[PDB]
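> Take a look at the letters that make up each chain.
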Amino acid sequence: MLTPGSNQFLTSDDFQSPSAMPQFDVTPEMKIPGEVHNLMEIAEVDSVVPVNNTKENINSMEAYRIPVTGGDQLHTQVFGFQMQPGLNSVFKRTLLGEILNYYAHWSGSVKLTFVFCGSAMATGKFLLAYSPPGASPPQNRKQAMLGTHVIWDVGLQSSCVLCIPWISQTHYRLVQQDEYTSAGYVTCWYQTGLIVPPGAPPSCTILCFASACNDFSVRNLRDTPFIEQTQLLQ
Amino acid sequence: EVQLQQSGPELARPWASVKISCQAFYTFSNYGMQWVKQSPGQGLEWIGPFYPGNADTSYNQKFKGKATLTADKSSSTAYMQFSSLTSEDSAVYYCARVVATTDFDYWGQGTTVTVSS
Amino acid sequence: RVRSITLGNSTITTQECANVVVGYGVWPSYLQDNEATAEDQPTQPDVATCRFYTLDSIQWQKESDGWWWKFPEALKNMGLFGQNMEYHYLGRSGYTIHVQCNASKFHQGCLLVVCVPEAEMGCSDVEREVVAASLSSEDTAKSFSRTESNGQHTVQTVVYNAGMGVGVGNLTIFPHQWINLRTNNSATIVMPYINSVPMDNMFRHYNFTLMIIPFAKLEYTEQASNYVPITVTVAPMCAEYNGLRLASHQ
Amino acid sequence: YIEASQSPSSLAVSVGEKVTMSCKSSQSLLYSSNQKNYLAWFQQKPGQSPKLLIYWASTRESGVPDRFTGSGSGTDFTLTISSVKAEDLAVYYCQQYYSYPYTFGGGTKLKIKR
Amino acid sequence: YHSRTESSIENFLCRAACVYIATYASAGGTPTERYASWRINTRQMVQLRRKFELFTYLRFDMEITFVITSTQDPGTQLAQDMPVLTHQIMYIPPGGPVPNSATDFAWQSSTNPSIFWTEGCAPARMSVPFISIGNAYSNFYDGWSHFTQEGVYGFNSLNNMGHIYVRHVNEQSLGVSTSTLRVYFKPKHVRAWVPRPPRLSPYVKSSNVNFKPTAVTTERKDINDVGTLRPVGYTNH
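In order, the protein sequences belong to chains 3, H, 2, L and 1. Heads up, the first sequence is in the entry's author numbering, so the first residue is 5 and it goes up one at a time. Heads up, the second sequence is in the entry's author numbering, so the first residue is 2 and it goes up one at a time. Heads up, the third sequence is in the entry's author numbering, so the first residue is 81 and it goes up one at a time. Heads up, the fourth sequence is in the entry's author numbering, so the first residue is 1 and it goes up one at a time. Heads up, the fifth sequence is in the entry's author numbering, so the first residue is 56 and it goes up one at a time.
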């Protein structure tokens, strides 16, 4: 009939409770716009990613801007970072990162959009490169050419979209596990330079947005690491 | 407790290449050989490692483009080449050998490479 | 192909064909007899509200930080709308925002235009509380700051926190648009009524905040205009106010 | 470049007194996969070949007496000699083998107090 | 294909989280000791505050569970045969009378629902419905509470949930018995509107959004420097 385990309070139980206030007719609900049904609806929207956080820009707007200048730079690298959301210092603060940190297992693909916030008369090329988890990053433009690459023409096209896929032996990979040389690198290299007509600015700025594709799922809800404080306020 | 030998301490000259060999009493299986230098002050400084059994070559940036490494595993003698030697390189050049991935258990005897301008 | 819109029959406006953000996906509409607390039927003055209330033009420069207006107070003195706010108790409306820059092809920059609902502002001194004057002037623009402000009764005007405490890079979650002077030159945003009660007083409550923040600073050669003007236009839609008649038959 | 900082002063104490020395390897030396510390302490007889005393920051070396005890985790590491001896004169170094380059410490001579 | 059930609003906001730990004596002491009180709000637990503040408008029920554990207290004149202890758990909706001390008349008001729980059973529970005038609780409110455009800024609005009080029914002649209350709070049938960006700066007030200017992210060595934090091993000698 009854075990001694029948009389217990299990914190993850879902049973009906007696109503403290019966015969109370609650206020009818109205149509407030913008309802959300699933937190995955939040991680699919674009956010500006601070790619330029070199220890002096984290306390300024400058952290959001990737500097590009034209001159004798032949094959100097514009930027490069490791593609590990949830833990990488580049991604862990955006919408996607702070949704992932609430969870312990994550699955799907990621999307990066680069926007060239420069003059309307500046021409050049850029060589975006992607290296899979099982490879070392490139060090010369030729090495990044022979892998997977896309050539972005900033005169014809003003925005570029790069979709980073999901490669893993197991379904869900842990959010808080640092996979050294096993996550993948994204690097961008000068190809031609920057050409401007007389009387026009010689420098620009390439903003970056990162978001999720339609493929995520998340598992094993837990507590975030970002709230170090724990005391009851006041 | 295995002892370790080398070529020996010789009095060299400026711009006279000094070949310091390092004898072997072990295998060449994923273990490593390297050197450090014993100057009059501040102890020891690493010069460059070589890993037999892995075909790995690496140099310290303080000697980059100035020192080279050549090794002969079969003959049990491996060279440490150098040129354009100055008068400030005079030190006890210790050769260390490690049977591990990350350890520094064994040590060498020493060579004096003082020169005379 | 320029297009001329003459809402109100007393306002002229020319704009190109562009994309429009519809806010949260719902078009503004009148309140129906379903979701209303009061059976008394509110009146709907729209003869003179539906016109383009052109705000002042601000000057985007190379060292500017950001700007932000608080609606619905920004139209406190704009013609008949101010009259309705003064003469009625409860009111409800949606808005249509146009933001335009006038810059040649030798300039460069990038702006973010967001409409944040229920924007609560932090204080410059943590222990004290903000005052009514620091939240918004009548119809001018309040400015952010690059460095921490050390005021005593002012909002926190640090740009990289938006005065709210969230990262300024995560404001794209709200209704937003980008003005990139390389290719784009205008923004249009339609904002419905978002609140927890069907009607509310306009003076005591700030429905939302329009924020304009430059991500990439303006750049130009020595021989060019020192500024780029930014112009803001509002056009109230679907306005309602309470009724002042005796419901009881007399 | 990973930096290590020895104590500013040497022992300067009498023979047979318990001594505590420390090495601050700035860059973190704890590996996630192994939970190992890649830091070992060394003693250098002047003119003879130096040899390490405590390796892995948890293990006393073979042939090393029981008086030397080295511990520590994270960036800091510490060593204790239960009773210093006069014939054990050396210059104590701390060497990290976490990542290149291989950096030695600052040195700590067994000076004279008698 | 992978399911998204684990990320929905219900499964994200229906975790029972302890919000209040209190203690109260039985017989000896000043009147303020003998009862335990708490106003229902979600602005003092930082984790729950952050998760709720991820949205703007919310609408939910409340399930409250009480884990009351009693114990004896050292002193003089200790009892040996007290039969049992009973606790009174009182919910005070907004607009209800409030006790100012134990053994007050307000403990017998017929408008306040009460639970008489005798120790040894399963912990007591209750389920309060959506108690408010407006159509949704609003976490963030921009404006003033009084129409004269002055007052407390963006606070004490028309959203309230009431108070909750706990007292010892058993008057005890000899000895003092301490008790400890833990209150577990869980929303049910949650509806959420108007998502917001999660907060960045540390929380400083239980009523304001005041804060200190904090950085936007964590510092990095260089603009184009990948991690490479793997020591020497069999791979990468």
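To be clear, the hints were calculated from the coordinates, so they are not data collected in a lab. It cannot be assumed that every hint is accurate.
Stated by the list, open to error - Listed next, the stretches of chain 3 that the computed footprint assigns to chain 2, with coverage defined by at least 3 CB atoms under 8 Å from CB atoms of chain 2:
#: 1; stretch: 30-42
#: 2; stretch: 120-128
#: 3; stretch: 188-199
Claimed, not checked - Selected chain L positions facing chain H (in silico; Cβ < 10 Å):
#: 4; residue: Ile2
#: 5; residue: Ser33
#: 6; residue: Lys36
#: 7; residue: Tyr38
#: 8; residue: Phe42
#: 9; residue: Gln48
#: 10; residue: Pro65
#: 11; residue: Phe68
#: 12; residue: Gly72
#: 13; residue: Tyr102
#: 14; residue: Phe104
#: 15; residue: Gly105
#: 16; residue: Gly107
Heads up, the beta-carbon is just placed ideally off N, CA and C, and yes, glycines get one too.
> All the hints need checking, so say for each whether the structure fits it.
Tested hints:
1. 30-42: holds (count 6)
2. 120-128: holds (count 6)
3. 188-199: As far as the stretch 188-199 of chain 3 goes, the hint is violated, because 0 residues have Cβ atoms under 8 Å from chain 2.
4. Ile2: Check failed: Cβ of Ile2 (chain L) comes no nearer than 12 Å to chain H, outside 10 Å.
5. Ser33: Not OK, violated: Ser33 (chain L) not within 10 Å of chain H, min 12 Å.
6. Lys36: holds, 8 Å
7. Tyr38: holds, 6 Å
8. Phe42: Given a least distance of 8 Å, the restraint on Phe42 (chain L) holds.
9. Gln48: holds, 8 Å
10. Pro65: Given a least distance of 16 Å, the restraint on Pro65 (chain L) is violated.
11. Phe68: At about 16 Å, which exceeds the 10 Å cut-off, the nearest Cβ of chain H leaves the hint on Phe68 (chain L) violated.
12. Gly72: violated, 17 Å
13. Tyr102: holds, 4 Å
14. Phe104: holds, 5 Å
15. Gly105: With a closest approach of 8 Å, the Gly105 (chain L) hint holds.
16. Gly107: It holds, given that the least Cβ distance between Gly107 (chain L) and chain H is near 5 Å, below 10 Å.
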